[PDB]
Amino acid sequence: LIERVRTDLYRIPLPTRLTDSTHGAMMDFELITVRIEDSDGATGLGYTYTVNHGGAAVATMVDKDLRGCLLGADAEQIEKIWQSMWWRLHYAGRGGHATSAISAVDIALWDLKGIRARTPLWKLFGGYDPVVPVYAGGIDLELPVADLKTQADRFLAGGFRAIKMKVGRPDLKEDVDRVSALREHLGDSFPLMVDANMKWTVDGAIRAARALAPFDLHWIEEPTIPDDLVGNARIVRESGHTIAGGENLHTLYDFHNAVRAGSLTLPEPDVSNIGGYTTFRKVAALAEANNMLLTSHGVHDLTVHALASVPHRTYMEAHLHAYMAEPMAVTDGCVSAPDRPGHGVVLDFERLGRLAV
Amino acid sequence: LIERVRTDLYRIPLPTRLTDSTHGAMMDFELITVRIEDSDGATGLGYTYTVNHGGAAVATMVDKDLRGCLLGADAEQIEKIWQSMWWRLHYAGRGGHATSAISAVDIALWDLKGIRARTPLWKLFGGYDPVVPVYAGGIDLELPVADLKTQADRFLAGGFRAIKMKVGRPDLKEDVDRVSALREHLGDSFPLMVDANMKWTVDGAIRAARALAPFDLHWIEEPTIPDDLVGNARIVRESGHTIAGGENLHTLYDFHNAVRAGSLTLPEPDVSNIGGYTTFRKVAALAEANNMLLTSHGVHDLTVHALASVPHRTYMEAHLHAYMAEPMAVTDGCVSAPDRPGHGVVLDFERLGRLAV
Amino acid sequence: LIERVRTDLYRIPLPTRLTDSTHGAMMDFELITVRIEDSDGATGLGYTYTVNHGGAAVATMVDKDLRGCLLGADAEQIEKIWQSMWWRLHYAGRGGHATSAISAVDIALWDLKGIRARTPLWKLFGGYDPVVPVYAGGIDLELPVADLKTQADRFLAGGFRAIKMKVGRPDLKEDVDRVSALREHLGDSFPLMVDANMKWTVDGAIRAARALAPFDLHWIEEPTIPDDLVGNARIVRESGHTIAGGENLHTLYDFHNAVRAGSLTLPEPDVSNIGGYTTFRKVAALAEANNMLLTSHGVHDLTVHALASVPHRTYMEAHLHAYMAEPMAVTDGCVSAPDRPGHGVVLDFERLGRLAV
Amino acid sequence: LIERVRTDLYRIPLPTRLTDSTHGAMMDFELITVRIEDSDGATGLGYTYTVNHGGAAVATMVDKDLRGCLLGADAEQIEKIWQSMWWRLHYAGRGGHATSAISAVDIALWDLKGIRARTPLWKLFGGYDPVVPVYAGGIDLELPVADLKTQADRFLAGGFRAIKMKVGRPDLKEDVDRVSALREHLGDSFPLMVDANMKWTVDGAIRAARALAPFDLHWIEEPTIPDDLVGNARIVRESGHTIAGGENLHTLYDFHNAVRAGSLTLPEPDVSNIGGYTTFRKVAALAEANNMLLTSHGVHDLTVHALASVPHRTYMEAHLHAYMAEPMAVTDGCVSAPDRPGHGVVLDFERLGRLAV
Amino acid sequence: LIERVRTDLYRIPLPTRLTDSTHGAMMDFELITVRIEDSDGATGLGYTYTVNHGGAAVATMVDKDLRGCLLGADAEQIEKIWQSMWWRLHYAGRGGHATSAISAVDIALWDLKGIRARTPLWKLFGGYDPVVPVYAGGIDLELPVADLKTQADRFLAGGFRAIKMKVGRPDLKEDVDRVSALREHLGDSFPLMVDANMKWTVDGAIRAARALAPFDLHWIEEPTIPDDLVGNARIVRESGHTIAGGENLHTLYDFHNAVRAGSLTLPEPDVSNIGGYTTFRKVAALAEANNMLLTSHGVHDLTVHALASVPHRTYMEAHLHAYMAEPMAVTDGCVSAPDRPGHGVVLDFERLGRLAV
Ligand SMILES: [Mg+2]
Ligand SMILES: [Mg+2]
Ligand SMILES: [Mg+2]
Ligand SMILES: [Mg+2]
Ligand SMILES: [Mg+2]
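Chains as they are written, first to last, in the working numbering: chain A, 790 to 1146; chain B, 790 to 1146; chain C, 790 to 1146; chain D, 790 to 1146; chain E, 790 to 1146.
Simulated from the structure, these hints should not be mistaken for laboratory data.
Heads up, a few of these hints could be off.
The list makes no distinction among identical chains, and a pair is therefore deemed to hold if it is satisfied within one copy or across any two copies.
Below, a list of computed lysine to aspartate or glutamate pairs in the EDC-like style, where the Cα atoms sit at most 20 Å apart [stated by the list, open to error]:
| no. | residue 1 | residue 2 |
| --- | --- | --- |
| 1 | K1071 | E868 |
| 2 | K1071 | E931 |
| 3 | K912 | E868 |
| 4 | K962 | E973 |
| 5 | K853 | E792 |
| 6 | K962 | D1005 |
| 7 | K912 | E865 |
| 8 | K1071 | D918 |
Here chain A stands alone, though its shape is the one from the complex:
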């Protein structure tokens, strides 16, 4: 039984003005943490985030809407609780910010079950390989070419052996020069992927694909908006590239629609908005049945457990490490999921209070 539910909202400012083709200027993201305590004193940690806005909304959803489905409920019945939450925020929801709220709670619940069973999540899930390959995702669209190469250098220095840069400049010519620059800087066999962050039109995306073909990019992420199934399927049929998407899909059905329609070739769910580990693994299954690999977006410290428990995973995005007790370190291109009970992530809530809103 759940006896306590603490929801907290923090505004974590960023070290650099990270920027892209649509989200604009990221100067601070909103962190929402959820701590669930059972009748035995154990406390599971869960959390999600937004960029610039929507944070207070998510936190309010957990604190005012979901709480009533948690207090007094058996915390070991996660699937049961998930459905009850899905239905509580269904009216006017069924997607949107409500899924982020749910994801945070869901993550907390699994953390709790992992602690109780005295075993890491990647094992609780079944367990494949705790060593997960990674890549660094820069939010460098406005970063000058030279600064691009520099950042590239630090990523390498930091153990990363695969990099993703932003694209979607007004003039495709500028993207072609920058991508060309890093392909020469990084070298022929270096895994380099791009993310247009929904910036292109269907025709534009395909046009950009022909132009970037020479550089053998590992993949193109979110060429256009995610909602257009027909357009994305067209971009898949015509761009001769791996098409990654999923960070903006928020339900199992969105992934199901995309996969069935073939509007993406590489599923990229975000455990913190897809519905937690619960829905993430379901999406993972969908991918496996469709003979596709599986990558991820955000909170890799939490995500490492999911990918360590699936056989078809590939380069995980591992761009808050300051507030963490023992954050994972990247070695020769990979990370290792810890073996502590649960997900093993511990946040310095004392130092965080400094940033509460």
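Fit chains B, C, D and E with the ligands to the given chain A structure using the hints.
Same frame as chain A, now just chains B, C, D and E with the ligands:
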């Protein structure tokens, strides 16, 4: 230019007995009102609502996330404001409660543009016919048959010449009897429609359609969950009934998916969650293009102007009046869009004040 | 209420040299103007046109077939009037010249509603951005290469930063050279588009696309006849170009067919033949739903308000000004929708009087 | 680490000569048990079965082929071990008896992880509801009508509130009489399903569907052979019944093909041949994404844990209970998954030695 | 009538160096031989094999599960025996190793029918051309480039005029160089084919095809896993190569699925796992109907009769001879089906005796 944005949340208490198949019992809905004031001092009224939960979150999005797109902006550029609000709440959004927040703002912006043009919105939208036909939607699933008939007479007494009743009782035999009763009670020629509120499985919905076919129901609403395009299309090919849906669809794309796949035969958008008049009208256009009629869900006071401006509308659902000054009356099965500037809705903020949270 | 409807036909003389691939040489277009007056004395201006023939017939439909739906009718119910005119000319109609007649009336009705609301139409439609980007469409197929470049400079001189040229010369080798010349002349970064005016066969259009791909054309317009849904869709899958079309589509259904089949990638409706603003806006909604941009054909003076009210517009074609009072100027590649009540177009009926037939 | 792997084969004779439309005469099924012991003394139990033949083959596969992938391996990495097993028996396998062998081992591995974590599997998986609805499946095709009704009586007496009888007699007339008899014996609202065990041709199956329509059967199982995707999809489109299948599908891909093709409406995997709990949950996810319910075939004492951890489960088949320590009892139509660590199934291996082959 | 059925298992030791992308290193294959004797004393020889594992299980199915369908049965009714063996091993079978067991029996039954008719099988099947063209399939992935060329010359030295090499090295750059080398080495006009053994992902396979296109490979075999119909069909539309597959398909239905979906362009059945000659011929018929050529995998000694009896055969794979009496020789790129009664294969059971397990 916009100089003021006032957001208020109200807990309107709902009588017992209001129940359906999946949401459970309607305790109380939460009204999120948005009043906008521009340089010249005119104010526009817009509002949305939720059943049971999510209200505080809706209000939070407007007051905290959207206000920044309103204050200081030219209120005459509704479309511009619409797109900027869609993008401000896009991360973790792109659907969900955020579209309800957006609708509220949109609706108030149109009201303001109408107030300024000194014309009712139905005329400002184009102008078809201000006399819109209606029906009464009962939230009566757990309502004893006898009472159901009593409710029927009360609706006829109120001027309604079309009635919808809930279905989806655990055992199909119960729905058949109740439906037979009202059919028997109203006479076969009286438009009777049923709402399942997503209660049935695909097979179950098809199985229920065979069972109800004898009664010649005008339509079956939300036979199963809305997310299932394939399943809902199967229900369309096999049930021999008009299939209504759309109250739970929250983007123009959802409607595009549903229509393109033929997963429904009659689009039922809700102006207060679909994106306000702005998006509602774009959905109406899709329905016209596809040779479909157009119905609606909720806040008929605001919606009347929408359907009074499109040629293919049909029975509007018109089940909060105590708080209004000049609520439309139901006469001979129709209502009439008032000709006052804007949508013509006036709320008693004094009496509502007593219910703020 | 409508009390007057004045229909006039004018033979505006067109200079030699204006030529394309299938229509031959532009001798003179025929302007059909419709001025409507209501009870209060306000007048609304609407108009359409044809190239070479059909003018007298267009005028005849309005003056003889439609006047009966106008005189005595409430001019504020545009949508109602629209549907009744569609049906009055439905037998042997349902498309064709009759939609041009209908557009003329529709356009004047909107102008009247704008005049009455004391607001420019772009704001009355919603309001996005009054600064609409443009391009110059040359009717220059038989124009010597040299002259073609001279025409180019004249367009830059006029403020245009995007240019369309005709293609479809009997021998593909001619189109390639000419296109290479202007590409060479304008610089690769300058938006250059080509219009074939339905000249090519399906195979030929695909064959021409391979040939022109080197020049990175912004788009290819009407590669073959518009009636061929299957063929046009094949051109879309195989040509690697943005495919523009719609000037010859005369109903919302035509646009629905084309979009649903993906027989074009960029809808190009003509407000004066598609059904006026009423239908134009419904087509815009289809384009938005399908994640497509929206361009246009003809009478940019009237069209500017349409595209200035939709979020996905793109370069508007803005090639009759001598007869206008305050014609928009082209500045830095854009034009600006005037803020005068209605569409703001004023014609010199004195000077036009000299050309009546 | 796995230190021991014991494979045993038993011929469990049946209490009655159970019979059906294709498998013929079942006088004894082959039980294959697998006991995996780790470096801590814990022992996980896993098992599968065949009917009449194939037993020695499966056992041989575990003992001679899979053992080498088990001895010395970390037993906590189940996903890792599954893939290695899938690949070890891939050549000439990739389906078939190899999946049964793998399922037995897989089940053992999860049992082991459940014991180690001191928690029942239905909870380890996430946990939905330990109370799972059930139905009794008779292998009564040759059973006289009177004996049919009698058996029906014992099932009721035994707590079952849903029954499945065999169909697929040479003359559809005999099936229609028997089904008619039990529908009258059991009553109108009694859940009665049929299983043709692949006996009908596509046309025959559809013909039989029309004939059995009057009796409102809960579902028709395996109308034709499972391999025919096109034919089954046709039976689904035309029989107006829930179509259950899956017991003969042996890989995630088979289920994926069926679901995508719509050749079945209710997935029915058998945890003991699909690949264990590992693949069973993946199939479960596929079903959830496709808005389908989920049922099962065989070994319900093991299966109860899977269905207790999914939200979309329905009537579980719960037709060896003699050799079990504390077999579950059916109460008012449902069973309850035990809370002992692992799956909680304990076999009397001493008494079983009596039946070893 | 059948009076004897002798099943033997042999561990034939395989040299080091034999390696591919997914199976790893070929240690040793397991030969399962089946000798059948009828009333008149004639004996028919049939056999199958596995790589590394599954052998003992194959033998067990024949010896224990199938013998009951052979002894006492009329050996002249091959089709009858075929269907009864398919059904005896259907539970938990319907594919997998069981089809290999069935093939062994089937092959021996045909041999016996040929021995009795005193005619080679190729003539008994119809009779097309006994001179079947061939190619050499190297199991050479980890083989140094230099050695690869050396292997090439050895194949030319052996009479082969077509060569297949393995691909799927972790880094695509390695496959390109090696392929370039052999292309360079053999001359562009020499048929060179590559086998990936299911190593690539759908995107990867398409990416590899672009890379290898310069070399004009005769075909690409098993680009990804065979179970993925959708993915394999995508590889077909996008790779511009002949796509070979079928060695891992174990039923006529698998081939039907693949063909119907166009998930491969060239069917490659293996007579020893597809179901023997009986099923092999039915697969050939599907290939003829679909205007496809037909190739093969494994035991060319037995297969030669199949392809020598069909009109659309192409290069047969002809990489166990030491154990044969009169092994066909490779001359000028072809082999010739012997005209001895049956398949004409004779094994040295003395020398094989030394390898039984
Ligand atoms: Mg991204
Ligand atoms: Mg409803
Ligand atoms: Mg044109
Ligand atoms: Mg069954
Ligand atoms: Mg091969």
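To see whether the hints hold, each was checked on the structure:
For the identical chains of this complex, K1071 and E868 are neighbours both inside a copy (12 Å) and across copies (15 Å), given an alpha-carbon limit of 20 Å. In this homomeric assembly, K1071 and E931 never come within 20 Å of each other (Cα to Cα): the closest approach is 36 Å inside a single copy and 35 Å across copies. For the homomeric pair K912 and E868, the shortest alpha-carbon distances inside one copy (18 Å) and between copies (9 Å) are both at most 20 Å. Taking the shortest alpha-carbon separations for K962 and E973, both the intra-copy value of 16 Å and the inter-copy value of 17 Å come in at or below 20 Å.
Proximity of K853 and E792 under a CA criterion of 20 Å is satisfied intra-copy only: 16 Å inside one chain copy versus 31 Å between copies. In this assembly of identical chains, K962 and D1005 lie within 20 Å of each other by CA distance both inside one copy and across copies; the values are 17 Å within and 12 Å between. Proximity of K912 to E865 under the C-alpha cut-off of 20 Å is found in both arrangements, the shortest distances being 17 Å within a copy and 6 Å between copies. For the identical chains of this complex, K1071 and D918 are neighbours both inside a copy (19 Å) and across copies (18 Å), given an alpha-carbon limit of 20 Å.
When the structure is compared with the earlier hints, a violation turns up for hint 2 alone.
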